[PDB]
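Below, each chain spelled out in residue letters.
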Amino acid sequence: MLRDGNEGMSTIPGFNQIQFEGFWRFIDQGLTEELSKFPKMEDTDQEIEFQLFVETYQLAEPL
Amino acid sequence: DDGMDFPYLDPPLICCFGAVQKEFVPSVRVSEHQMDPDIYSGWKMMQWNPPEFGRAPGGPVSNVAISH
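Just so you know, the sequences run in chain order B and E.
For the first sequence, the authors' numbering gives the first residue as 1, with consecutive numbering after it.
For the second sequence, the authors' numbering gives the first residue as 91, with consecutive numbering after it.
Okay, chain B solo, but in the shape it has when bound:
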């Protein structure tokens, strides 16, 4: 994703875009690209199975 592209090219950009953009990129993509790396671990007895659906994650409003 990209905001107004002409930021830093027409005005002095805010001295926050490093941390802000890093956190937004993390929330947008790192969660997806790390949840997919979660395996399909299970038991050797062929009796149980655990699955983590990836394209269903969401966050909650802080209490």
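Be aware that one or more of the hints could be misleading.
Short, incomplete list of chain B residues facing chain E, as computed with Cβ under 8 Å [claimed, not checked]:
1) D4
2) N6
3) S10
4) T11
These are computed hints drawn from the structure, not numbers from a lab.
The beta carbon of each residue, even a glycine, is placed where N, CA and C say it ideally should be.
Starting from the known structure of chain B, fit chain E onto it as the hints suggest.
Showing chain E alone in chain B's frame:
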């Protein structure tokens, strides 16, 4: 109209006839490039690269008189 006694002052006067206006740009055409309809913070990028008719845009006659 003939009323005068002494000769005129050293710098010759200039006659400026027209309309008195504030920050007016008469010459307007269709510029090829536009820079966002809402964000005016980036419109200054059109002053580094003028549309070839607003390169040296003249204005009202009051501006010319003041500059003179």
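Outcome of the hint check:
no., hint, verdict
1, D4, "holds (6 Å)"
2, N6, "holds (4 Å)"
3, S10, "holds (4 Å)"
4, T11, "holds (5 Å)"
Hint check: no violations occur; every hint is consistent with the structure.
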